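Student: Single-letter residue listing:
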Amino acid sequence: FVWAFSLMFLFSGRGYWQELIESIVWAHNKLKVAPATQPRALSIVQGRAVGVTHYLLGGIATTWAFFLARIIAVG
Amino acid sequence: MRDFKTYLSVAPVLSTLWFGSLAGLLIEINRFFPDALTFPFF
Amino acid sequence: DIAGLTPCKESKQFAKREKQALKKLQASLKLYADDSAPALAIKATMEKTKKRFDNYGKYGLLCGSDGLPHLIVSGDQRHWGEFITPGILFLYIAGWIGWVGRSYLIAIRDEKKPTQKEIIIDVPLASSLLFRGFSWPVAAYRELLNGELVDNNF
Amino acid sequence: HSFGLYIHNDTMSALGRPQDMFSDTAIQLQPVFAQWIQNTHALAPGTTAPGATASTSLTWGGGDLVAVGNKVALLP
Amino acid sequence: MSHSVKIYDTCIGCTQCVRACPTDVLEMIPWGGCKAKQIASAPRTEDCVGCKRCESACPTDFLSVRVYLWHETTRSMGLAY
Amino acid sequence: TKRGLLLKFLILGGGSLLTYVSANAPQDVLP
Amino acid sequence: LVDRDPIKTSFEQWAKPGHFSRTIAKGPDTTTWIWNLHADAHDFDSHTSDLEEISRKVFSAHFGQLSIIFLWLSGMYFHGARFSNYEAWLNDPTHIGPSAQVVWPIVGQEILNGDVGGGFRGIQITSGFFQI
Amino acid sequence: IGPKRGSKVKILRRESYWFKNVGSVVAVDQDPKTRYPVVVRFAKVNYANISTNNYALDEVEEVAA
Amino acid sequence: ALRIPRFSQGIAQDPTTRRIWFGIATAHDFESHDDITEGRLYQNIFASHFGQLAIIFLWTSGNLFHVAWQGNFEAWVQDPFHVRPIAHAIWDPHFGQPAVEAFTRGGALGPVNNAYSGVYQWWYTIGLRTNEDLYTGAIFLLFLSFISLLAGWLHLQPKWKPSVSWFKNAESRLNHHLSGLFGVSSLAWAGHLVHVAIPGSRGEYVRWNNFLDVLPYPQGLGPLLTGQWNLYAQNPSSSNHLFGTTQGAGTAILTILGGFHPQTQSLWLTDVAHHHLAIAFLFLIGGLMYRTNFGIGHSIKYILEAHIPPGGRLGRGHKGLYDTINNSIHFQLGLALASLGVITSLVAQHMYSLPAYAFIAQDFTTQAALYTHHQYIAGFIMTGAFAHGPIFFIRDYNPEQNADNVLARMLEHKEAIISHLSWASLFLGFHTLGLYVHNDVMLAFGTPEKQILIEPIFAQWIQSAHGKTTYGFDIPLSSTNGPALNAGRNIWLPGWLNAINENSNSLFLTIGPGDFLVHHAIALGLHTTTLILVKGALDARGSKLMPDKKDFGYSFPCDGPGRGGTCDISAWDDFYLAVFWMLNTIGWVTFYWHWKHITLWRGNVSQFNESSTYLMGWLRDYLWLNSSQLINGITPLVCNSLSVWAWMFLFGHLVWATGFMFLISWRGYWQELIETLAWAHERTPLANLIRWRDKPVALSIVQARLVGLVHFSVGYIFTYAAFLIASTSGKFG
Ligand code: CLA
Ligand code: CLA
Ligand code: CLA
Ligand code: CLA
Ligand SMILES: CC(=CC=C/C(C)=C/C=C/C=C(C)/C=C/C=C(C)/C=C/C1=C(C)CCCC1(C)C)/C=C/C1=C(C)CCCC1(C)C
Ligand SMILES: CC(=CC=C/C(C)=C/C=C/C=C(C)\C=C\C=C(C)\C=C\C1=C(C)CCCC1(C)C)/C=C/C1=C(C)CCCC1(C)C
Ligand code: SF4
Ligand code: SF4
Ligand code: SF4
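Chains as they are written, first to last, in the deposited numbering: chain A, 684 to 758; chain B, 1 to 42; chain C, 1 to 154; chain D, 456 to 531; chain E, 1 to 81; chain F, 48 to 78; chain G, 21 to 152; chain H, 28 to 92; chain I, 2 to 734.
I should point out that these hints are in silico values taken from the structure, not numbers from a laboratory. Be aware that one or more of the hints could be misleading.
Reference excerpt, derived from the structure (chain I facing chain E, CB under 8 Å, subset only) [stated by the list, open to error]: (1) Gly11; (2) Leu188; (3) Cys559; (4) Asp560; (5) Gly561.
Take a look, some chain C residues computed to stay more than 12 Å from chain G by CB distance [as the list claims (entries may be wrong)]: (6) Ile2; (7) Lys12; (8) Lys30; (9) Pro114; (10) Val123; (11) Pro124; (12) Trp136; (13) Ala140.
Note that beta-carbon positions come from the ideal geometry of N, C-alpha and C, so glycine has one too.
The shape of chain A in the complex, shown without the other chains:
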């Protein structure tokens, strides 16, 4: 699953989740609940950092599981 969450971090823009993070920030202000600590989207390359790292800890333990499950028990 985690792998199939990477693509979202890998495949997407950036002033996007901004443009989104405000709609949010708006609804936030009405109740009086947001501004302090200017909430901000991911640092273009952070975004790539949260690709990749996930794509691997996803796509990898997948087999770490796939494996231990076909040598324990016959094999």
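Based on the hints, put chains B, C, D, E, F, G, H and I with the ligands in the right spot on chain A.
Tutor: Frame of chain A, contents of chains B, C, D, E, F, G, H and I with the ligands only:
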């Protein structure tokens, strides 16, 4: 030593002594009643 | 009673689940603990999912085919507190998560330079605005909609 | 030469004419791999080599079998 | 447009503000009153590529430019070669 | 080497006889 | 920075917004700098423009690996010990199918703990201690 | 000091980051003359690393008042 | 350095390759590219899609033309027992001699591939039968699909007007259409089914000769004009029928009577025609609703204008929504898209449980690769709908000309709109996902009990107030009687809408906790999908990060780094981003039917029951169970049954994967090594002088967000394509 109108600070993740624990006491209610799925009352 | 079947008072399919399945649990004619003091399938893990006999309480609890129990909660025949009882509970708990969200927050933006007091925490959990939540009788259910957060501030 | 190689197979084994795949047996290779360097590794305890029954790594071409009495281990 | 991205602002002062950007921007063209009195948005832009290094620094307070030029030479992308 | 207007000629001609008879056949030897 | 540099305070820097390039984390609030701080936490274009220290940090904050690899291994030797199966497995190899870890039967858990050899409930191993 | 110089002003342009929000001011222009006077200032930053901008009275809608 | 591409100009002398690609994908963007005028444009879309209708008949022609000489029909109309129909003759020189192996399918000679399109049960289901009697198809349709081009030109030629202003009426047209068109388009169909087809169905033939001599009855249109209609519906059909051959036929067109049959499911002969008729008044009554010169009816403003229901005294305008939906042409093409989008699924979700064809489900394949090419599309629309109503806001739209006015306010009060949308998703998010891991942590853990599993109450509910006469149950006022209807009974709801539980094909399948999830996870799709489209749209105009985001709105993909860091923040790249969830809903949904159906056929249903209430299992039995057939079909042991499919299915997994480049690559890295890789040639012999005419470059910074996609998609959509088929065909079901 703490009276009235807010107090002293605390760290970055005292949340890691708040996820772990508090919450942790709750397994502690999830074995006292080792089970749920509705619940009797008091 | 409703779409699935009846509770525990009878539920054939459910019974078979009790029994095979768990009890095979068994499955290990022995496997050595004749007197031995660790390997605890033996005691409970079964018996704690098991002595859960023809009793589980009794809960009504509808149980469809394969007799895994389904949750209606439409407030009738028996099933009311499978959502509301643990529903208002979810409400009351949250909301006293964020009543204090809108609190160890609306207590700061003032005095002198208040620009991230929040990456550290002034009163931990707030431990001051704390009980404001159980010390909500009525509360936001009036003073939210009248004054303070008043349409003004809207 | 390094992937569409496989894709041949599909396209032509799903087309289906094995005559012409790349099988360990259709495209010309004939019931032996052997003559390279593996076969001059398990067999080298007869050079400047002193020796000592078997090889260096039991997985090599030449000689021996008998490895283990529960399950298996390594062989050629 | 063919190089049309607006970095304008209001100060168009350029001290500890902005300089960066290969050739394109020979400004300081003082308009009859705008504080440190040097203004506008460019000089003759038919020369270089498509940065937004253009802001990154010294205000545009609105947008900031980027690629928008379309009609796009080559000299206008490194690669005509 | 009379190339003075051609190629359209050799791409109906040559390529209708690398494909006309080239596909057809009087008794399969099938796919 | 600027704070007290001097010569004139053992008094440690706990309190006063920021540090890490110089119109730094600014008074003015933001979030980006909280992934900043962890990221690039180790780096060297900042800390000082002068080698010196850095090799004086890396030979230290190195160290705490060995020590760790060392707190680790312990909980593995302990583990590969009193959460036994090693005694049991050795008189009895070809036969066993080893364990070191075991749950505690809280909530669902236990299914994870399933007869492994010298007569006990646990979760197996593919990390060849029991064999060093 | 006698009228009002720079004591509380909203912004109303819709481009300007803290637009509808009211922060604080400073040395608002004196003379008859130009069109971009008034500095304003507030806590909250904006999309650039530094944000402390100058808008101008054709507008500042403050509005009441 | 020459001049080329004949419409644009910036593009035209661009020395690279962009020259090409970007040529072949600005073509259809008439509004604003060199060659254009509001007069040009319109007409330049008019004799365009007269180039439409045109290409739809060279499709349909051939559909009816690989069928008439081979591709069984004077077979499959002898009795259509579920064994392998036919499309056309597969002919590839690459084929092995296992040309002989199935692939080569029974009746016909050389190999072939069989109708999974429905056509074969509707070229049949409106009669159309005999293999001497049949071989028309192209012949007409094509002596049609050429006319389709002729206006194209005729109406392109100035003189006999191509018409310019006349393109912004409405009233006249649509005062014309939803009568002239639809109404009579119905009617005329009502015509055909009934004179030539209903007879061809229950009854007997119609001979190409007579058309007067044939008379559904003895004494003609009898009364009919004599307001006396009723006595159509008495002994209409029967049931001891033998479909197509009378005998228990009877002959009284129209009904609502009888119903289902083990010998054909499918809507009754008649009913699809009184209906076709019945609606054909309403639209004709509807058509004639607006002006068109004579001086009756309506002006399409003045009933907007100050119409307004809750307006009136709530300070919220309504100004010329007409001269903005009319002066827009995009508002146009996206109120167009949707309606079609919403109904493309209403088509295709009703086309099951109510298929109207002679042998269909109880076919159960064609029935399952046909709900979806109508679920794909349909989803595929919707997006484009939502995507031309974020172009209206930029190229067209006009804040000074729309304001206080309710299209505004929609803009104005927008920040909420995405939020009270996003609040749906985030809720609809983790709450579906508690229920499904929990449901999967509990199995595996040994405890099938403890499983969280809500009955779908308000579902089944809708149906115990219908016909789901499942194991009794009162309901306060209903009981299962005392009050029934009282006001209704033996008219209307006869045998029909009385399928009940019918474990085989009951219409309504009997819903439990397995369905109270997917059904909340198709709901987390169109919501999320649309917070992004709503958003995508609700400011192609601009916002805080990019305030002045316009004069080009749509695809300006990218912007400079700095400000916060700015990216896929063109309303296109949110469309771009949208199309992944339209490709994830339109999958949860389709995925669902089938598993269900599958199981609900050559076997159980308990299967989907306790094994769709969780997640792993959705992968194991379905996904993992039921592929079997296909893949051991290239098998180390020769090409068996299917081979097209599995090779497609891996063609499926490649086209997909190979999306990713495009997608995790981003022009920068590509261009640069092409900078080194175009130092080769220039520097290498036997490949010098040799000039390109287009300068080697790497793909545009919007282009590859597309291409990975338009790539992600086929792969993906070409994998289920071959997946379902490759397993609804075998079965077991
Ligand atoms: C993007 C793709 C596209 C494609 C490729 C297809 C393909 C198909 N669709 Mg389809 N469809 C689509 C989009 C598409 N559809 C959309 C967007 C909708 C929603 C509007 C539908 C709604 C739909 C329905 C409801 C059905 C199909 C069916 C079909 C299949 C029938 C073959 C056919 O269409 O011949 C098309 C035939 C024609 C174009 C000629 C007939 C048109 C008649 C009505 C013209 C009447 C004009 C007449 C001359 C006026 C008379 C006036 C005077 C004589 C009185 C075929 C698989 C059918 C099916 O179920 O197959 C099993 C049917 O169920 N589709
Ligand atoms: C049913 C109709 C409908 C109509 C009448 C139009 C009409 C128009 N659209 Mg449009 N559109 C639609 C549905 C429609 N659209 C839908 C459903 C979507 C997404 C669901 C879009 C998404 C879209 C975008 C992004 C744009 C348009 C644009 C346009 C305008 C220019 C067309 C163009 O760029 O094509 C030219 C394209 C080509 C000549 C071919 C290249 C297309 C590629 C992507 C191939 C697509 C996949 C393909 C089938 C896979 C290859 C096949 C494989 C078997 C090998 C024109 C006004 C453009 C515009 O003007 O907006 C400002 C543009 O932005 N549309
Ligand atoms: C399987 C996928 C993965 C996941 C988990 C998500 C999840 C989400 N996407 Mg997303 N996406 C993905 C792949 C994924 N996406 C891909 C491949 C693409 C295209 C390339 C997209 C394109 C896309 C768009 C355009 C949007 C989203 C949005 C969203 C959010 C919608 C709200 C929602 O569904 O409930 C909330 C989320 C979930 C149910 C997922 C789980 C999140 C929680 C429960 C984390 C678990 C906490 C855990 C215990 C702690 C672990 C962390 C650490 C301490 C170890 C959600 C966060 C939208 C959005 O922003 O909503 C406001 C919208 O912007 N996505
Ligand atoms: C399945 C994959 C798809 C394919 C086919 C490729 C192929 C390639 N990638 Mg790549 N890539 C992909 C997905 C893919 N990538 C993804 C998803 C990512 C990131 C998520 C990347 C990230 C990446 C990077 C960073 C790099 C590449 C590079 C390359 C090239 C390496 C050299 C090579 O062997 O190419 C040629 C061989 C193939 C593409 C495989 C064979 C294709 C078969 C099907 C034969 C078809 C030919 C035949 C004549 C078809 C014509 C018939 C007619 C009908 C058209 C190659 C073009 C690198 C490069 O360019 O170095 C040389 C570069 O380093 N890729
Ligand atoms: C009638 C109905 C309905 C509905 C519902 C509905 C009625 C729905 C709707 C839908 C629609 C849609 C969903 C659309 C969408 C679209 C849009 C929203 C658009 C947008 C846009 C943009 C983006 C911007 C501008 C442009 C445009 C506009 C395009 C129903 C009825 C019924 C029922 C059911 C119950 C019973 C009875 C009956 C009677 C049977
Ligand atoms: C939904 C969830 C979860 C999920 C989850 C999932 C669904 C998944 C996850 C995953 C994770 C992971 C995955 C991590 C990890 C890990 C590890 C430990 C790893 C390891 C390894 C290594 C060592 C390397 C590589 C390989 C491997 C991977 C094996 C949750 C939810 C929730 C809620 C309701 C609310 C509150 C909170 C919570 C309670 C939280
Ligand atoms: S805003 Fe930029 S370049 Fe513009 S005037 Fe200032 S610094 Fe000059
Ligand atoms: S921003 Fe534009 S004009 Fe300025 S330097 Fe960059 S490319 Fe040149
Ligand atoms: S893509 Fe890269 S470069 Fe382009 S805009 Fe985004 S960040 Fe900038």
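Student: Compare the structure with each hint and give your call.
Tutor: Hints and how they fare:
1. The interface hint given for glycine 11 of chain I holds, since its Cβ lies 3 Å from the closest Cβ of chain E, which is under the 8 Å cut-off.
2. Evaluation of the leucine 188 of chain I hint against chain E yields a violated restraint, the C-beta minimum of about 51 Å exceeding 8 Å.
3. A hinted interface residue such as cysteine 559 of chain I counts as satisfied when its beta carbon comes closer than 8 Å to some beta carbon of chain E; here the least separation is about 6 Å, so the hint holds.
4. The beta carbon of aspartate 560 of chain I is positioned within 8 Å of a beta carbon in chain E (closest approach about 4 Å), and the interface hint is therefore held.
5. With a least beta-carbon distance of about 2 Å to chain E, the hint placing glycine 561 of chain I at the interface is held under the 8 Å criterion.
6. Its beta-carbon lying about 28 Å from the closest one in chain G, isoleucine 2 of chain C satisfies the requirement of being farther than 12 Å from that chain.
7. Under the 12 Å C-beta cut-off, the non-interface status given to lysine 12 of chain C relative to chain G holds; the minimum distance is some 26 Å.
8. Non-interface status of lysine 30 of chain C relative to chain G is broken: a Cβ of that chain comes within 12 Å, the nearest being about 10 Å off.
9. The claim that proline 114 of chain C is not at the interface with chain G is violated, since a C-beta of that chain comes within 12 Å of its own (minimum 9 Å).
10. Taking the minimum C-beta to C-beta distance to chain G, about 17 Å, the non-interface status of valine 123 of chain C holds against the 12 Å cut.
11. Once the 12 Å rule is applied to beta carbons, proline 124 of chain C is consistent with being away from chain G; the minimum gap is 16 Å.
12. Consistency note on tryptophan 136 of chain C: stated as away from chain G, and its beta-carbon is indeed over 12 Å from all of that chain's, at 30 Å minimum.
13. With a least beta-carbon separation of about 27 Å from chain G, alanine 140 of chain C lies farther than 12 Å from that chain, consistent with its non-interface assignment.
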